[PDB]
Amino acid sequence: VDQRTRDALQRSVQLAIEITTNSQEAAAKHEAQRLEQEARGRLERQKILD
Amino acid sequence: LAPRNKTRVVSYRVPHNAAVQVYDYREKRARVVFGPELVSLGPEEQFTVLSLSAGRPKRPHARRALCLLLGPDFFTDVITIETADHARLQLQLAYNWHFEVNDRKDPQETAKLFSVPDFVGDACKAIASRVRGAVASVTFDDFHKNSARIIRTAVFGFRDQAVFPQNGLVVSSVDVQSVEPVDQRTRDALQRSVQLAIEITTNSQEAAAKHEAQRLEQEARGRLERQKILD
Amino acid sequence: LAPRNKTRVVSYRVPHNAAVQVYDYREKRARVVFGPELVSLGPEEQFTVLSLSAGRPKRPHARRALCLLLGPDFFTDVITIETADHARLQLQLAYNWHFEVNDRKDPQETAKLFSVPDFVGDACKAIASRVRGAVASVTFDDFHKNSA
Numbered sequence: 646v647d648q649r650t651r652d653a654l655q656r657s658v659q660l661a662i663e664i665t666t667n668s669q670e671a672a673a674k675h676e677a678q679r680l681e682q683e684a685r686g687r688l689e690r691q692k693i694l695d
Numbered sequence: 449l450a451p452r453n454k455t456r457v458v459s460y461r462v463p464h465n466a467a468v469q470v471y472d473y474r475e476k477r478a479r480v481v482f483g484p485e486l487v488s489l490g491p492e493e494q495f496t497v498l499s500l501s502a503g504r505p506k507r508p509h510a511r512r513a514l515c516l517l518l519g520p521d522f523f524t525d526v527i528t529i530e531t532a533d534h535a536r537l538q539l540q541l542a543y544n545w546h547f548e549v550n551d552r553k554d555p556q557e558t559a560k561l562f563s564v565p566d567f568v569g570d571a572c573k574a575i576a577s578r579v580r581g582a583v584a585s586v587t588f589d590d591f592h593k594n595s596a597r598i599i600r601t602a603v604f605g606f623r624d625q626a627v628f629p630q631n632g633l634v635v636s637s638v639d640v641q642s643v644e645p646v647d648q649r650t651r652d653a654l655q656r657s658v659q660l661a662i663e664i665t666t667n668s669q670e671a672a673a674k675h676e677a678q679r680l681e682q683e684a685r686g687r688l689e690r691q692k693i694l695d
Numbered sequence: 449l450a451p452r453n454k455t456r457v458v459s460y461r462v463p464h465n466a467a468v469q470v471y472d473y474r475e476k477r478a479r480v481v482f483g484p485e486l487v488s489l490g491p492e493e494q495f496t497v498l499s500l501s502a503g504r505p506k507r508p509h510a511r512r513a514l515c516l517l518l519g520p521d522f523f524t525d526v527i528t529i530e531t532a533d534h535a536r537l538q539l540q541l542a543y544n545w546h547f548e549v550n551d552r553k554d555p556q557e558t559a560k561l562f563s564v565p566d567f568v569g570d571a572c573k574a575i576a577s578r579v580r581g582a583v584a585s586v587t588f589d590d591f592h593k594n595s596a
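Going down the list, the protein sequences come from chains C, C' and C''. A prime marks a further copy of an entry chain.
Take 646 as the starting number for the first sequence in the authors' numbering and just add one per residue.
So the second sequence is residues 449 to 606, 623 to 695, counted in the authors' numbering.
Take 449 as the starting number for the third sequence in the authors' numbering and just add one per residue.
Please note that a few of the clues may not be correct.
Now the stretches of chain C'' that chain C' is said to cover, found in silico as 3 or more residues with beta-carbon under 8 Å [unchecked claim]:
#1 472–485
#2 564–573
#3 576–588
Listed next, with one range per pair, are the computed distances between beta-carbon atoms [said to hold, decoys possible]:
#4 C'':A559 / C':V457: 21 to 31 Å
#5 C:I664 / C':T524: 28 to 38 Å
#6 C'':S459 / C':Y460: 25 to 35 Å
#7 C'':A559 / C':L449: 30 to 40 Å
#8 C'':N453 / C':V457: 25 to 35 Å
#9 C'':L537 / C:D652: 28 to 38 Å
Calculated directly from the structure, the hints in this document are not laboratory data.
Cβ atoms here follow ideal geometry from the backbone N, Cα and C, with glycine treated the same way.
Construct the complete structure from the given sequences, taking the supplied hints into account.
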């Protein structure tokens, strides 16, 4: 019935989106770090093999 | 237009996949006529007039019918629900239905077809309550990804059909069409969710190209360094 | 133009790959006439009039048909969906279809052809729901590459 109570619940869903977006950004960041490490790990072996 | 000859026998052509109910008030007899047929009243017989529901969000008493549509058909409804994150979002559904009649010569089975005064308004709220119930215990991120399963599991239990045993209606399908937030702010928060999913992919292709450039520069340097000693 | 002779026997030329449904309200008899043929009413026979769907995003009741098109054909629809990244993007599709009739002398098989009042609007939403459902659990980069 209250409008304030309804206003307090939209701020409950404006953060449930940010949870998901910060989660996908974290997953992409971890995958980028894993790929950069695998690239570095093959380049470092190839230098000694040269 | 032209006013009718009231001394003329009243008659109605019942359409395909439809039934009418008519009760003879003098001889105290009832009958239900099916499919495509001409139906003619006696002096005391009357038609059963069905006040039914129609409209966008299915307002009641918005349609009048002299016959009961019992063929495979659908009607669509707009359902506003709310997830466990308190995010409100309306839906657009479509309920494929048909009445199930075993014996058309049964005076008790065919009488049950006209027992519910408004099967459209009954079924469009008996299904929307289950949708509302099963979504309210589900967060928004789960529902946005799996909403075709949430709704099909809410409506059908443990099942292919949702039979209503009062009159004989089944609802053997539901087809969710539109899913969107009511709030504009909630919609603004989701475009910033996709303006970063592009940057993930572009920064990924730039990283892959950069790694390949470094690998090629290393292989070039590694052949040049051998060639200098060989000279 | 010229108003019709109402005392003249009503007749309709059914096209190729089409069927009409006609019920004799006096003799209590039904029949479905196929393919290319002339169809003439009795004094109490009537045609089954099909209100069908047409338009861009397939609005309903935008077309009226006295015959049922049952040949290999297509109709196109515009479908708006949304990926798991919350990126909204519309589609343009084309559904090659045909009705399947085994025996044309079966009064029960051929009656089922006219059971659904609007097969175009039914099929264009029964397919768009599956598209909408299977895309919403898929990120945008996967869909842009493998959408076929």
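How the hints compare with the structure:
no.: 1; hint: 472–485; result: holds (count 4)
no.: 2; hint: 564–573; result: holds (count 4)
no.: 3; hint: 576–588; result: holds (count 10)
no.: 4; hint: C'':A559 / C':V457: 21 to 31 Å; result: holds, 29 Å
no.: 5; hint: C:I664 / C':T524: 28 to 38 Å; result: holds, 33 Å
no.: 6; hint: C'':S459 / C':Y460: 25 to 35 Å; result: holds, 26 Å
no.: 7; hint: C'':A559 / C':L449: 30 to 40 Å; result: holds, 34 Å
no.: 8; hint: C'':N453 / C':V457: 25 to 35 Å; result: holds, 28 Å
no.: 9; hint: C'':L537 / C:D652: 28 to 38 Å; result: holds, 32 Å
Against the hints set out earlier in the document, no violation occurs for any number.
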